[PDB]
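Undergrad: Take a look at the letters that make up each chain.
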Amino acid sequence: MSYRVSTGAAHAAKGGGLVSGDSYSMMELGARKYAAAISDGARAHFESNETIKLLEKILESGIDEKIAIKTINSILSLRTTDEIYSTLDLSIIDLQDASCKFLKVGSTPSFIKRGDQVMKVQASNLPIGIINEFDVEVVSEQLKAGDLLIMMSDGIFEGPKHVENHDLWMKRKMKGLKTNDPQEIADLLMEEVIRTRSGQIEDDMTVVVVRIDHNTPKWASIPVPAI
Amino acid sequence: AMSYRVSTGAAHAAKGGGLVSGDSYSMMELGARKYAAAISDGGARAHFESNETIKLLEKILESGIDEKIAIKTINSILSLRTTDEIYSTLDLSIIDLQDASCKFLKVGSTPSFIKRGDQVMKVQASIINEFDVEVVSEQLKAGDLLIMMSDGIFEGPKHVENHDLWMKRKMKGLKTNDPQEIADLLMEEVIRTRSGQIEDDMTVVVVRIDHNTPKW
Amino acid sequence: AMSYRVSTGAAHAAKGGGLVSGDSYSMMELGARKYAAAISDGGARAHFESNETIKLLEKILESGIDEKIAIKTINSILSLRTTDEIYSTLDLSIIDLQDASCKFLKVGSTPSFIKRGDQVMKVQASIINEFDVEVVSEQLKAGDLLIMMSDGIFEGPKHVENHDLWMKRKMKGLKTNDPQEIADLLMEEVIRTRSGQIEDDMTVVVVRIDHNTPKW
Amino acid sequence: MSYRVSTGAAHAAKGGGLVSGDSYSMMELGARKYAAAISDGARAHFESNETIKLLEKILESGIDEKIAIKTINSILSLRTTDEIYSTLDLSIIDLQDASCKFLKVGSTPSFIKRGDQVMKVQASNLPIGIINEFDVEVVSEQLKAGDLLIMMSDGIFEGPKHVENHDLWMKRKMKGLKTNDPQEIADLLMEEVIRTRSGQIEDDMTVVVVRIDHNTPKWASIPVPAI
Ligand SMILES: OC[C@H]1O[C@@H](O)[C@H](O)[C@H](O)[C@H]1O
Ligand SMILES: OC[C@H]1O[C@@H](O)[C@H](O)[C@H](O)[C@H]1O
Ligand SMILES: [Mn+2]
Ligand SMILES: [Mn+2]
Ligand SMILES: [Mn+2]
Ligand SMILES: [Mn+2]
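Protein chains in written order, with PDB author numbering: chain B, 589 to 629, 634 to 819; chain A, 588 to 629, 633 to 716, 722 to 811; chain A', 588 to 629, 633 to 716, 722 to 811; chain B', 589 to 629, 634 to 819. A prime marks a further copy of an entry chain.
Since the hints were made in silico from the structure, they are not lab data.
Treat the hints loosely; a few may be bogus.
When the alpha-carbon atoms are kept at most 20 Å apart in a straight line, the in silico DMTMM-like pairs for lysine to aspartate or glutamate are as follows [unchecked claim]:
{"hint": "1", "chain 1": "B", "residue 1": "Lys810", "chain 2": "A", "residue 2": "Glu776"}
{"hint": "2", "chain 1": "B", "residue 1": "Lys645", "chain 2": "B'", "residue 2": "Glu776"}
{"hint": "3", "chain 1": "B", "residue 1": "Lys621", "chain 2": "A", "residue 2": "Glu794"}
{"hint": "4", "chain 1": "B'", "residue 1": "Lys602", "chain 2": "A'", "residue 2": "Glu657"}
{"hint": "5", "chain 1": "B", "residue 1": "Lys621", "chain 2": "A", "residue 2": "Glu733"}
{"hint": "6", "chain 1": "B", "residue 1": "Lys662", "chain 2": "A'", "residue 2": "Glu652"}
{"hint": "7", "chain 1": "A'", "residue 1": "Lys621", "chain 2": "B'", "residue 2": "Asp686"}
{"hint": "8", "chain 1": "B", "residue 1": "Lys621", "chain 2": "A", "residue 2": "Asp689"}
{"hint": "9", "chain 1": "B'", "residue 1": "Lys645", "chain 2": "A", "residue 2": "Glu642"}
{"hint": "10", "chain 1": "A", "residue 1": "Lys645", "chain 2": "B", "residue 2": "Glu642"}
{"hint": "11", "chain 1": "B", "residue 1": "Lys645", "chain 2": "A'", "residue 2": "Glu648"}
{"hint": "12", "chain 1": "B", "residue 1": "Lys645", "chain 2": "A'", "residue 2": "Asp746"}
{"hint": "13", "chain 1": "B'", "residue 1": "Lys645", "chain 2": "B'", "residue 2": "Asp656"}
{"hint": "14", "chain 1": "A", "residue 1": "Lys712", "chain 2": "A", "residue 2": "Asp727"}
{"hint": "15", "chain 1": "B'", "residue 1": "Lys662", "chain 2": "A", "residue 2": "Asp689"}
{"hint": "16", "chain 1": "A", "residue 1": "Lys645", "chain 2": "B'", "residue 2": "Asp674"}
{"hint": "17", "chain 1": "B", "residue 1": "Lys810", "chain 2": "A", "residue 2": "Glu642"}
{"hint": "18", "chain 1": "A'", "residue 1": "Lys810", "chain 2": "B'", "residue 2": "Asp739"}
{"hint": "19", "chain 1": "A", "residue 1": "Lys621", "chain 2": "B", "residue 2": "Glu783"}
{"hint": "20", "chain 1": "B", "residue 1": "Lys602", "chain 2": "A", "residue 2": "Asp773"}
{"hint": "21", "chain 1": "B'", "residue 1": "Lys602", "chain 2": "A'", "residue 2": "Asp746"}
{"hint": "22", "chain 1": "B", "residue 1": "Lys753", "chain 2": "B", "residue 2": "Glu783"}
{"hint": "23", "chain 1": "A'", "residue 1": "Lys645", "chain 2": "B", "residue 2": "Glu642"}
{"hint": "24", "chain 1": "B", "residue 1": "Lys645", "chain 2": "A", "residue 2": "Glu776"}
{"hint": "25", "chain 1": "B'", "residue 1": "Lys645", "chain 2": "B", "residue 2": "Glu642"}
{"hint": "26", "chain 1": "B", "residue 1": "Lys658", "chain 2": "A'", "residue 2": "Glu657"}
{"hint": "27", "chain 1": "A", "residue 1": "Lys649", "chain 2": "B'", "residue 2": "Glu725"}
{"hint": "28", "chain 1": "A'", "residue 1": "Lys602", "chain 2": "B'", "residue 2": "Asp795"}
{"hint": "29", "chain 1": "A'", "residue 1": "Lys810", "chain 2": "B'", "residue 2": "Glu776"}
{"hint": "30", "chain 1": "A", "residue 1": "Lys621", "chain 2": "B", "residue 2": "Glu652"}
{"hint": "31", "chain 1": "A'", "residue 1": "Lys649", "chain 2": "A", "residue 2": "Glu675"}
{"hint": "32", "chain 1": "B'", "residue 1": "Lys602", "chain 2": "A'", "residue 2": "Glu642"}
{"hint": "33", "chain 1": "B", "residue 1": "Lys621", "chain 2": "A", "residue 2": "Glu652"}
From chain A, some residues computed to sit far from chain B' (all C-beta separations above 12 Å) [what the hints assert, rightly or not]:
{"hint": "34", "residue": "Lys645"}
{"hint": "35", "residue": "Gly654"}
{"hint": "36", "residue": "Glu675"}
{"hint": "37", "residue": "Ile723"}
{"hint": "38", "residue": "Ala737"}
{"hint": "39", "residue": "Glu750"}
{"hint": "40", "residue": "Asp759"}
Even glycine gets a Cβ: it sits at the ideal position worked out from N, Cα and C.
Using the sequences and the hints, build the whole thing.
TA: Written out as structure tokens, the structure reads:
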């Protein structure tokens, strides 16, 4: 079955704010590895791929998204015959301002529950007029305190044995959620389709869910002395 | 100016159920800066990884050698660091999600703590050690609670002669299992001992282990 | 105190002769510091590689995109460097040993030169460019001679208004094909124009291409 | 057939010596890639593996070689099932003082021609009393101006169809060398065994050869002014 971990953290800068000589990070290799690090003294403890780093750079600098798609596609071609033959689904949240960046690569789409308005993650203009070898999508939303972001592989977005518009099927099981708990939602959705064929599943299944919070904890309020 | 925080969960099954899976998933978080999550239908190549240096330190960890040889060699690596490294202190916890073993690397760090039920043990082990490296492994159990910190937190409390003790007492006092709450409480406690004054940067990270096993 | 220098050669054939080979070999040299050579009977994993940063710059090179997009992005990468990088100038030449194509990355560097027979061409190409990045490719030919340098060499000559010209003239004058001799001669020339005075650190690197094809 | 490259370099430090803000390096992926870099401003342009880095650290710090062998062996086990299943033959020359370090891993031995004294690279005491899974050897010689160092894969150290002590066979073709040229020697040795079965070879063949030089070039003599 494999262990899950649940985690939390808290941080505060000397004098009551600005920047800190403390850094911290963590990462999970789904079902295999969890790591956490703390440091006191330029370096991040963890990073992406190598190809993901690259596609990230681009995702950043000015670049008109139509160009970037082209460009990502070109780097994607550099992959060792062959690893890019799969689907890459990547959301990257900036924790300062809640801005999200999506990077899809031949992948099922993903959804944001907000209140209950469940908009789907689609890029405003699907650019025509180029070669998109790897069926590469790229998107920005602006996330808000409370949003539930859900992500899955084909093995679950399609699972629904009664096929036919899985889009509006998902938003259905999504709008009908008592809970607000990432791990529950995940564990639910998993069930809410396995049922659809009893046990034994066709494909591989994974879903991840992420909730954005902006709570200010009591300790954040405690004032620090004047100069 | 509060940073956004993120809470996350995931679920996963193989074909038939299931030797392995060509599905794979990862997430990582740079504290207060960045969160990323990734799914791949292949999966092979891990989405995220330790930076360089670390990646070597991890190899030495996985390799069961004598503490003494580990420490020598870890010292070699960290000696060859750049002005900005520096190499500060490092506190690294790596947990095997299959058996819940855990390796611990501390490079001049403060200690950390595990809260098994009502006990609170502290993570330490037993010549030259240029950067003050300590390597430890432990077997964790469901419901265990791992607490790491900077010295800002662990050395924060005013007029206290035994930080180990102060910390164990506070942790025995927790009436909660939620690692985010625990992280906030401890932060609250330490601050209130100075009177809002934050002598140093303060970081606490809390990890709970779960072998919960769901309907499906 | 003279550094040791190394001269090297290698030969290689496959099974039957031969689609590919599970043999593999590599060498690398850190100038004046270190030489390493490696053989593997497998071979898969390359013994040596570009450091991080570079490895990305190389990906962007291999990827045929618009100079303008390359340059933007290369600038992004090198902007995120550490105090000590810094990121100085970089002059990178990567040659495909299969077709002899060559990519060239110059990050604020001085130019470099190819001597085809009696000609001496110079390696350059044609808004914002934060670190002054230039990307170029060229097809090389047997007997070509590639010359890279720091500014210490290329800007070394006293009271000279056209370093391009000075350099082409010296290179047309070489009565030798040996890249070590060429490297020493040019170094000699530049020094003698100051009178032993070395205003700056001086580096010259010379690469000759060979499609020689031996008895076997 | 693939191109070879031949290369040379020259360097000198400001003021007439000490250290320099210039660095340079190069590397060759045999038959596939050559790279050269120059910089002006901690970073080396090129590096080893990741596992090789590690085995290098050890090879350095004090460690009694018997321990190191053990230790290398342990890291070697960490390899992805499976890449270490092959043979690793690594010589690492320090250019300041000509000291060599060998690291063999289930690999044919290597030789140094010196004048004509052709000693073979063997470690003074083959340590017994442990598990050497990967048949791992480790050696230091002190190299001198003029030494020819030769390295090959099985495909050529064994090639000799008339088998039976290939050790003393190699030193035979080695002592009988008019030339002093790395690439000739290589290209010779290759031939000097292919002949032994006409064309078509059993295995894969590679040999590399390295000559150590300490020439002081004229320019090194030209004096720089007093202070
Ligand atoms: O319990 C939630 C946490 O899981 C961890 O594996 C992730 O890295 C993330 O930083 C958190 O969201
Ligand atoms: O021509 C000899 C040179 O070959 C290059 O591929 C190597 O990197 C080495 O630095 C030199 O020995
Ligand atoms: Mn699938
Ligand atoms: Mn501190
Ligand atoms: Mn200079
Ligand atoms: Mn072989």
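Undergrad: Please go over all the hints and tell whether each is borne out by the structure.
TA: Here's how the hints hold up against the structure:
1. At roughly 11 Å between alpha-carbon atoms, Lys810/B and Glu776/A fall within 20 Å of each other, so this suggested pair holds.
2. Taken as a hint, the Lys645/B and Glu776/B' pair is broken in the structure, with Cα atoms around 44 Å apart against an allowance of 20 Å.
3. For the hint pairing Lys621/B with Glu794/A, the CA-to-CA distance comes to about 35 Å; that exceeds 20 Å, so the pair is violated.
4. The suggested pairing of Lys602/B' with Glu657/A' is violated, with an alpha-carbon distance near 35 Å, which exceeds 20 Å.
5. Distance check on the hinted pair: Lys621/B and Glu733/A sit about 15 Å apart at the alpha-carbon level, within 20 Å; holds.
6. The hinted pair formed by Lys662/B and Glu652/A' meets the criterion: a straight-line CA distance of about 15 Å does not exceed 20 Å.
7. As the CA atoms of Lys621/A' and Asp686/B' are separated by approximately 5 Å, the hinted pair is consistent with the 20 Å bound.
8. At roughly 10 Å between alpha-carbon atoms, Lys621/B and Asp689/A fall within 20 Å of each other, so this suggested pair holds.
9. Distance restraint check for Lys645/B' and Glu642/A: the Cα-Cα separation of roughly 11 Å lies within the 20 Å cut-off, and the hinted pair is therefore satisfied.
10. Between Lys645/A and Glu642/B, the direct Cα distance comes to roughly 14 Å. Compliance with the 20 Å bound is thereby established for this hinted pair.
11. Proximity of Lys645/B to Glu648/A' is assessed by CA-CA distance (about 13 Å); at most 20 Å being required, the pair is judged to hold.
12. Of the supplied pair hints, the one linking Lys645/B and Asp746/A' is violated, its CA atoms being roughly 32 Å apart against a limit of 20 Å.
13. Annotation: proposed proximity of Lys645/B' to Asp656/B' holds, straight-line Cα distance about 19 Å (limit 20 Å).
14. A hinted pair counts as satisfied when its Cα atoms are at most 20 Å apart, and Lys712/A with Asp727/A qualifies at roughly 18 Å.
15. At most 20 Å may separate the alpha-carbon atoms for a hinted pair to count; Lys662/B' and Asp689/A exceed this at roughly 27 Å.
16. With a CA separation close to 19 Å, the supplied pair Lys645/A and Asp674/B' stays within the 20 Å bound.
17. Distance restraint check for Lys810/B and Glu642/A: the Cα-Cα separation of roughly 38 Å exceeds the 20 Å cut-off, and the hinted pair is therefore not satisfied.
18. Using a Cα cut-off of 20 Å, the hinted pair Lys810/A' and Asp739/B' is violated, with the two alpha carbons roughly 26 Å apart.
19. Restraint check for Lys621/A and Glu783/B: not satisfied, since their Cα atoms lie roughly 31 Å apart, outside the 20 Å limit.
20. As the CA atoms of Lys602/B and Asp773/A are separated by approximately 26 Å, the hinted pair breaks the 20 Å bound.
21. Between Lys602/B' and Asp746/A' the alpha-carbon distance is near 12 Å, which keeps this suggested pair within the 20 Å criterion.
22. For the hint pairing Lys753/B with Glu783/B, the CA-to-CA distance comes to about 13 Å; that is within 20 Å, so the pair holds.
23. This hinted pair checks out: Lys645/A' and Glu642/B have alpha carbons roughly 8 Å apart, not beyond 20 Å.
24. Between the alpha carbons of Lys645/B and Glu776/A the distance comes to roughly 33 Å, so the proposed pair goes past 20 Å and is violated.
25. Taking the CA atoms of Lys645/B' and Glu642/B, the gap is near 19 Å; set against the 20 Å cutoff, the hint holds.
26. Taking the CA atoms of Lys658/B and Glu657/A', the gap is near 17 Å; set against the 20 Å cutoff, the hint holds.
27. With a CA separation close to 18 Å, the supplied pair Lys649/A and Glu725/B' stays within the 20 Å bound.
28. About 5 Å separates the Cα atoms of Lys602/A' and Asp795/B', which keeps this hinted pair within 20 Å; it holds.
29. Of the supplied pair hints, the one linking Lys810/A' and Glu776/B' holds, its CA atoms being roughly 11 Å apart against a limit of 20 Å.
30. About 13 Å separates the Cα atoms of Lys621/A and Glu652/B, which keeps this hinted pair within 20 Å; it holds.
31. Between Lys649/A' and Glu675/A the CA atoms are separated by roughly 27 Å; this puts the pair beyond 20 Å, and the hint is violated.
32. With a C-alpha separation of about 29 Å, the suggested pairing of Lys602/B' with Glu642/A' is violated against the 20 Å cut-off.
33. At most 20 Å may separate the alpha-carbon atoms for a hinted pair to count; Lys621/B and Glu652/A meet this at roughly 12 Å.
34. At the 12 Å boundary, the C-beta of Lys645/A falls inside the reach of chain B', the nearest C-beta of that chain being 7 Å off.
35. With a least beta-carbon separation of about 7 Å from chain B', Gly654/A fails to lie farther than 12 Å from that chain, contradicting its non-interface assignment.
36. Not every beta carbon of chain B' lies more than 12 Å from that of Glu675/A, the smallest distance being close to 10 Å; the non-interface claim is violated.
37. With a least CB separation of 10 Å from chain B', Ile723/A falls inside the 12 Å interface cut-off, contrary to its annotation.
38. With a closest Cβ-Cβ approach of about 28 Å to chain B', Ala737/A is found to remain outside the 12 Å limit, as its non-interface label requires.
39. The Cβ of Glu750/A sits about 31 Å from the closest Cβ of chain B', beyond the 12 Å cut-off, so the non-interface label holds.
40. No Cβ of chain B' approaches the Cβ of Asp759/A within 12 Å, the least distance being about 32 Å, so the stated non-interface status holds.
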